[PDB]
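There are 2 protein chains.
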Amino acid sequence: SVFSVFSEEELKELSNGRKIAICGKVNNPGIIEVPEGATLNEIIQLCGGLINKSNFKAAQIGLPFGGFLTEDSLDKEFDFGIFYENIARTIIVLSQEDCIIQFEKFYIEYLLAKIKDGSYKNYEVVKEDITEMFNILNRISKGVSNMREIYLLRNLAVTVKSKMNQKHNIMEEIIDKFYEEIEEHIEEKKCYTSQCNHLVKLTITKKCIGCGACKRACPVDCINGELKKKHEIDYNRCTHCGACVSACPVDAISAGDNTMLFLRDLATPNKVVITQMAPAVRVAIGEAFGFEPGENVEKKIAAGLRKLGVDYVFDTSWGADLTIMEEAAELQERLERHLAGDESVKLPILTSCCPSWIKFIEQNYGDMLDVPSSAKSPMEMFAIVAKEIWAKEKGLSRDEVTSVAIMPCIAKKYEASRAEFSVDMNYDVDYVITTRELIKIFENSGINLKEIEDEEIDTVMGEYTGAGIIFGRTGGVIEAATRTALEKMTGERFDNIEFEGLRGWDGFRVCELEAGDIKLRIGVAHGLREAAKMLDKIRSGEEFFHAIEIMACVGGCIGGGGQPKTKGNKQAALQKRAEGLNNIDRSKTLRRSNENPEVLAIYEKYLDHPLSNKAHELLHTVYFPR
Amino acid sequence: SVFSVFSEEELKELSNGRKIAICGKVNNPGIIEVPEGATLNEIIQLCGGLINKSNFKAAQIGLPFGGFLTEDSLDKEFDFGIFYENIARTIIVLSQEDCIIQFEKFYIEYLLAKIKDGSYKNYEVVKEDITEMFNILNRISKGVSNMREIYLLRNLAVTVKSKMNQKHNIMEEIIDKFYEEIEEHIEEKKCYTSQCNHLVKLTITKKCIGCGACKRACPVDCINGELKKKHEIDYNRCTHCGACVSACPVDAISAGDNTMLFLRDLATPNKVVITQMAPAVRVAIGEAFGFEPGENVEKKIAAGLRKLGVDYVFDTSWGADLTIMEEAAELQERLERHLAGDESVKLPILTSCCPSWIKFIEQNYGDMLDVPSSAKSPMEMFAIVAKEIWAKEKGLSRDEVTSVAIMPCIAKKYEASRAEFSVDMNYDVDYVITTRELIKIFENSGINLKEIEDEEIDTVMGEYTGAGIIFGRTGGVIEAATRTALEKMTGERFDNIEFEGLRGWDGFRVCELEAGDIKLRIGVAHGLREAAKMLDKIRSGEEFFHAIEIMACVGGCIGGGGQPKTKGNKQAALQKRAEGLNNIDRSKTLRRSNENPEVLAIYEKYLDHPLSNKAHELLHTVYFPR
Ligand code: 402
Ligand code: 402
Ligand code: SF4
Ligand code: SF4
Ligand code: SF4
Ligand code: SF4
Ligand code: SF4
Ligand code: SF4
Ligand SMILES: [Zn+2]
Ligand SMILES: [Zn+2]
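Residue numbers (PDB author numbering), protein chains in the order written: chain B, 15 to 640; chain A, 15 to 640.
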C-alpha cells in the first residue's frame, strides 16, 4: 500500500521544478520543494521525521525502482539526476521498522497489480520471474526457505534486469545491501523488524531501563544484562512464555504487532475475516474499559469486533471442547493400554495446548516428544476445522478466509507461525492479535466496551460449555478432561461436576481421584520452572502420575504475556480472572465438553469419532526436536 | 508404463467371450481365456505366477478403475460383472513389490497422458483435482507430506467421484484398503516395498538364513535376531552404513533398487541423463569383469555408460576437488580464528562427506551438529553445480536433466533423498545406482568391461586431480585438504605431495604435521565405532585434534556397502583397491585440488572464491537433530 500513495498524474506533474513526492515512514507524507542547500536528513526533517523516531534504513528512488539510498548518503546533499528517465521524482523512506523482505514482497505485489491493467504493460514479460521471486520471498518470510534460494533470486534478478533494460534492479540491490538481513531471515528464522509475523522473536527495544524484572521473571535464564542498562533476550533459547513482557514496567519487550495486518484485512473488500477468542481474553479485557477483573464481557468484545468489521465472531472454547473430546479419548486409550496392556504405553499424558511449554519441551528434554498428547491446541483445532470444513461447506477456499486468533499469549504467535499448521503456504491461523493489541485497536477506533451494546457470538463455531471455558485458568484443561473421561469410564454422571484439588494456586498441585473402580493421580504445573521440576521427577521415578496439565504462565492463560497489566496485587487480579472463568462455567447449562452440540455435529458429519483416522489427520500433529 | 501394456482395440476386442487381458506383476502378461471353474490364484498360475514369487497384494479392475481385489478374493472364484460398463476386461496385478503410492502416481500420469489427447476426453473436468492428488502423492513419496494431506485426498476423491459419475474411485479405495501403507509412508518415512526411492529403508528379506553376520558387523547394534531365523533391522536407528549388506552372504539385506528407473530414464527420448562416478567405483567394478582389485577401469565404465545411453559421463572426483577447495578454506579460517581468534571457534573440523556418519551424528550426539564442516559432500556439490550452472548455461532446466550418481554406498541414496538437496520437488541427485546394480545392468545388457573399447570422460565436469581421486579410500579426504591448505598457509610447494601417517589401516590414526610454523594434529577414523570413540574422546578432552576425517566403512568408500563382494581376504582386497586409488593419484600430473582448471573456472565465472556468499549458498548445507 506504500507504493500506491501518490497517483501517476501527480507524480508526473513533478517532472521539473525540483518538487519531489515523499512517502513511506515519514510523519507527513506529501509533495514538498527541497531547498538549494539540503541533505536527505534535512528532507526527512522537512517531512516531520519518522513515525517513532526510528533510525533511517533505506530510501527507494521512484515508483519504478531506481536504487536505494543508505546511511552513507544521509549526511550528503541530495543529488538530483537519480530520476534519470521514466521514473517519478519520488522517494519511499524505509526506517528500522521496515523489513526488506516485506518491502520487496509489497513492491512485487504493486508491480503485479499494475501489470493486471494497462499500466506497466511492458512488465508482462517478467511477470513469471517476478512471481517466482515473490514465491521465494514469501518462503523466506515464512521461514521455509533455504540459502540456495538466494542464488535463485540472484539468477532471477539477472534475468529481469537484462530483458527489462533497467539500470537498477530491486532484487539485485537488495542482495547487495541487505544481505545480512536476508541471511538472518533465512538462517536464524528471525525478522529483526518483526514485520514478518512468522519470524517474530522477542526483542528488548531501546527504551529498556535495565530494572532486571524480565531477568528475574525469566524461567530459563534466557535474558542477560546489567543494572540500569539495556538487556538482551537469547531468542534461540527463548520459550516465548511472555513472563518478561508482563514483568516489564516500560513495555520495552516487543513481540511484533499484527494490528496493521488486521486493519488492512478488515478494510479489504470481499475478504472474509473470522475471529476466535480465547477464554482468558473475556475476563481481562474489561479491566482497561472499567470492568472489574473476572467480568465476562465476551458480548462486548463480539460487538466491538463486528463494529470493526469481523464477519464471524467465534470462540476458542469451542475448539477447547473439541480438544477435550480428543484428549479424553486418548487418555482413556492410554489408561486401558496401561492396566490391561503393557509397558509400550506412555504415562502420564501431558497437555499440549500450551505452545510455550511445547517449545520448551522441544528445545530442552527433546527425547520426551512422544509423551505429550498428539492433539492440537484448541486454537489450531478451531483453525483447521474452520479452514477445512466450515469454509469448504460455505464455498470458501482456505485463501479466501482470514482466521484471526485473539489470544492472551505471546507464544500463540509462534504456534500459529509453525509450518505444520499450514497448507500451500496458507496457515490455519493467519496471525495472532494479543489482548493488549485488541485494547489498543478498540481505543483507537473509539469503541468503548463499557457502553457498547451486547451482541451474540456466532453459534456454529462459538457455542461452548463450562468445561471449555475453564481452559483459560490453571487446572481447567485437566478438569475438563477429567469431567469428560471419568463419566464415560464409570458409566454414571457426577452430582458435583467441579473437581476440587485440581484448582488452587500452588506451583504444582497433586490430586487423587477415587471415582469408580479406577484411581487417577493428576498433577498441575503453573510455570515452566514447575514443568522442568516435574519432568525431572518423572525421569527420576520418585513419584508417578496418570495425567499432568502444564501451563507456562502463573495462573494459566489469564496470566498470559499478552494480557493487560494487572492493577493492585497481581496474584489477586489473576485469581479474580480465574474466578470469573469459574463463574462463567457455573452459569452454563452444559458443563461437559462431550455435550457440545456443534462439536458433536462435527464428529457425526465430518469426522467419525474421537481418535478416528480423519480425527487424527485433522486434529493431531507431531513435534520436532531442536 | 504398466497401464499402457495393452491397446484400446485389443482391450475392446474382449467385450464378450470370457477372454481377459492380464498385466502387472505376472510372469507372462497377455490375453488368456479363464476356464469355467477358476479362481484368481488359478488365473495368476495360468499367467505363470508373479515375477519373484512375491505374495499377491492387489488387483486393479480395468484401465478405467473398477475397484481393487484383495487377498480375500484370491481364494474365491473369479466373479464376472466387475466389468460393468465402459471398462476393459483387464486386470493389473499388484504384488508385495508394488507401492500403492507409486501405483496411484502412475495411474494419474496415465490419466493425464490420455487427457492430453482425444482419449478420455471427459476426464478434462477432473484434470486439476487429479493433478493436485498427484502433487500430494508426490509429496508423500518424497517424505515431505503430512497427515492432513490424507484428508485433502479424501476430499479430492469425493469431488472427482461425484462429477465423474463413477462407482469406483481409485483414491477413495486406496484410502480404504491400504491406509496402513499410506500411514507408514507419511509417519515413518518408509516405503516397505522400496519403490519410493526417497523413502528407502534397509530391510532384511525372507531369504535370510540367520547367520548373524549382519548383527556382528552392525556398529550401532541396530539388528535383532536369533540363530538360523530371520533378523530385523531397526530402521529408526539405522545409519545406512551398509556394513550389514557387505557382511550378508545371501544378499538378503535390500536397500531398494533404482535400476528400473535408470533404464526408463535412459530409454526416454529427449531426456538428458548425466552420471557422476565415485572414486571407489572405478577400482572395484573390474573385479566382476575379470580385473584385479585396484585396476582403473573408468574408461571402460564411461564406454559402458555411453553404450547404455548416458548423454554425459562425469566424475565425482571433480566435486571432490570443489569440496576440498571449500573445506581447506574453511579449515584455514577456523585455524586463524583459533590462534588469533578466541573460544568461539570450533575445533577439530570434521569431514561431512560421509552421509552415514552425518546420519549417525544427527541421530546420536545431536548437540554436535555445528562441529562438522558445513560443506556438502562431493556428490551433492557436483549435483547442485550441474543443475544450477552447467544445465542453466546449456539451456536445460533442473527438471530436464536426470542426474544419476554411481556410488559404492548405501547411504548415498539417503543423502540424495534428503529434502534440503532439492528445489521445487526436483532433487539435485535424482537417484543413486550402486556398484552392484551397475554390474548387474552391464551383465544384463551384454556389456563386458574387459573387452569394451576405451572412451574419454567428459572434461567439463569430469576432469579431476590426484587429490580428488584419493577420496575413495580412508584418509584421502583429509590428505587432499592438507595438500591444498598447508601449501597456501606456508607459501611454498612441498616436494613430497603424499602425506604419510594419514595412510594406513588402523581403526583410528593420529598424524602430527610440522610443516612451516604451524602444527596440525590430524585424526582419521575407519568405522562408526571409531567415530563414536573419538567423539567420546573429544567430549572428554583427554586428547586434542585440529581436523578429523570420518568414514563409516572400513577402508573408506572402497569398502562401501554398494561395492561388489570381495574375493579372498577382504582386508587384502580393500587394500588393493586403496592402492589402486593411490596409483591413480600418482599417475596424475595435477595432484592438488586447487589446480583443477574446471573448478577454478567455476570459481572465477560463477562463484567468486571459496567461502564467498554464493559459494556458501550453493555448496554449503545445514544439519537437523533427530
Ligand atoms: N489454544 C488454546 Fe487455549 C484454549 O481454549 C486458549 O486460547 Fe489459552 C486461553 N485462554 C491461550 O493463549 S492455550 C493453553 N490451554 C488453556 S487455554
Ligand atoms: N560424495 C562423495 Fe565421496 C567422493 O568424491 C564419493 O562419492 Fe565416497 C567414494 N568413492 C562415496 O560413496 S563419499 C565420502 N568421502 C570420500 S569419497
Ligand atoms: S519469553 Fe519467557 S522465556 Fe523468553 S525471555 Fe521472556 S521470559 Fe524468558
Ligand atoms: S523489564 Fe523491561 S525494563 Fe526492566 S529490564 Fe527487563 S526489559 Fe528492560
Ligand atoms: S499459558 Fe496460556 S498464555 Fe501462558 S503461554 Fe501457555 S498458552 Fe500462552
Ligand atoms: S546399515 Fe550399518 S547401521 Fe544400518 S543395519 Fe546395516 S550395519 Fe547396522
Ligand atoms: S547376514 Fe544376511 S543372512 Fe546372515 S543373518 Fe544377517 S541378514 Fe540374515
Ligand atoms: S564411507 Fe564412503 S561408502 Fe561407506 S558410507 Fe561413508 S560414504 Fe558411503
Ligand atoms: Zn522480515
Ligand atoms: Zn512407497
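The hints are simulated quantities; they were obtained by calculation from the structure and are not laboratory data. For each residue, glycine too, the CB sits at the ideal point set by N, CA and C. Any given hint might turn out to be false.
If you want the ones that stay clear, here's a sample from chain A, every Cβ over 10 Å from chain B, calculated [to be verified]: (1) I45; (2) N169; (3) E195; (4) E434; (5) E618.
With a straight-line cut-off of 25 Å between C-alpha atoms, the simulated SDA-like cross-links for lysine to any residue are [what the hints assert, rightly or not]: (6) B/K191 x A/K628; (7) A/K203 x B/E142; (8) B/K204 x A/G380; (9) B/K203 x A/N440; (10) A/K156 x B/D438; (11) A/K406 x B/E142; (12) B/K203 x A/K26; (13) B/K181 x B/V158; (14) B/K547 x B/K406; (15) B/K175 x A/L410; (16) B/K619 x A/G380; (17) B/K619 x A/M178; (18) A/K204 x B/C236; (19) B/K119 x B/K221; (20) B/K141 x A/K406; (21) A/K628 x B/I150; (22) B/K181 x B/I150; (23) A/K628 x B/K33; (24) B/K141 x A/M439; (25) B/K406 x A/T145; (26) A/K26 x A/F92; (27) A/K175 x B/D438; (28) B/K203 x A/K406; (29) B/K313 x B/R600; (30) A/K156 x B/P639; (31) A/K191 x B/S626; (32) A/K628 x B/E197; (33) B/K628 x A/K203; (34) A/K619 x A/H634; (35) B/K406 x A/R168; (36) A/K628 x B/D438; (37) A/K628 x B/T84.
Practice task
Report the numbers of all earlier hints that the structure fails to satisfy, in ascending order.
Solution key: Going through the list in order, the structure violates hints 2, 4, 7, 12, 13, 14, 16, 18, 19, 23, 28 and 36 and respects the others.
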